[PDB]
Amino acid sequence: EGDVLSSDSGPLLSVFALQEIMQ
Amino acid sequence: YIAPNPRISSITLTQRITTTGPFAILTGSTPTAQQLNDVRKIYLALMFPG
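Keeping their order, the protein sequence lines are chains F and D. The opening residue of the first sequence carries number 19 in the authors' numbering; numbering runs sequentially from there. The opening residue of the second sequence carries number 302 in the authors' numbering; numbering runs sequentially from there.
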């Protein structure tokens, strides 16, 4: 695990990098 | 450090949302603590040219 979250407004373009915390 | 108007990239870089590209990904990204320190490291080398 070890996922982080912040205040973001880009619905598509920042969650692409959210799987980079998974991988 | 002054960001531009956010309605500039929204009328001309992501006008059609059916496609994506290299520019249309990078707009939804925020600088980290160290990636802002490299922008501060850019502008030092623009003021002392050679």
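In case anyone wonders, no lab produced these hints; they're calculated from the structure. Misleading hints may appear alongside valid ones.
Unchecked claim - Now the in silico label distances, taken between C-beta atoms and shown as ranges:
{"id": "1", "chain 1": "D", "residue 1": "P323", "chain 2": "F", "residue 2": "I39", "range": "30 to 36 angstroms"}
{"id": "2", "chain 1": "F", "residue 1": "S27", "chain 2": "D", "residue 2": "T319", "range": "19 to 25 angstroms"}
{"id": "3", "chain 1": "D", "residue 1": "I343", "chain 2": "F", "residue 2": "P29", "range": "43 to 49 angstroms"}
{"id": "4", "chain 1": "F", "residue 1": "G20", "chain 2": "D", "residue 2": "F349", "range": "38 to 44 angstroms"}
{"id": "5", "chain 1": "F", "residue 1": "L36", "chain 2": "D", "residue 2": "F324", "range": "18 to 24 angstroms"}
{"id": "6", "chain 1": "F", "residue 1": "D26", "chain 2": "D", "residue 2": "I303", "range": "17 to 23 angstroms"}
Backbone N, C-alpha and C fix where the C-beta goes; we use that ideal spot for every residue, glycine too.
Checklist entry - Of the numbered hints stated previously, which ones are contradicted by the structure, given in increasing order? => result 1 and 3
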